[PDB]
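Below sits a lone chain in structure tokens, taken as the form solved without the ligand.
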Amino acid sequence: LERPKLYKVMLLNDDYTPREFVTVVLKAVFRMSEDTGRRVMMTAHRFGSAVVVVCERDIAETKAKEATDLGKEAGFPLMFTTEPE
């Protein structure tokens, strides 16, 4: 019954997904406000990726996939990933 291992959900930078689309994905999936979302993007643009949330593995995986799927099915390369903290 040891300490749980939490997972970061990362937003990845890209050149093709519209800024305003990412904002509404972040709002819908992660409840993240406009201002916060825009800081997350600037970070991803500066470093290649940005942490969105850190949570239980199953939940991290589920949200990364829902948020990615929204971009994918719109024809955008938008990608969210998980990584262990």
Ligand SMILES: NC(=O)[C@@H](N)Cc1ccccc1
Second form
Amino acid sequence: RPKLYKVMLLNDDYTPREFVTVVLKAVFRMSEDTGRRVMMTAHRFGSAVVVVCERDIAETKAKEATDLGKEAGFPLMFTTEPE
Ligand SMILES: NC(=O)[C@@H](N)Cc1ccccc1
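Could I have the structure of this protein in the form solved in complex with the ligand, to go alongside the form solved without the ligand above?
To see the whole picture, the full complex is given below, headed by that same chain.
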């Protein structure tokens, strides 16, 4: 069976809180409330699981979300890691 991969949101000190939130809404189809909570989870504990899915999908979403921050001049980082 294909291995599943966690998409992780990593904290940083520069990306605006609300920007992270709308990234989460747009790329991972979260509500505002859910988005804030995941954002805040990473904010407090250094990181947060966003979603767990098939590798290629996990990689694609992590990059899409990362690029949004990157092209905005933010160090916002979404990574993948196996479970
Ligand atoms: N602007 C700030 O104070 C960031 N801690 C907000 C943030 C949350 C989650 C990930 C990255 C950034």
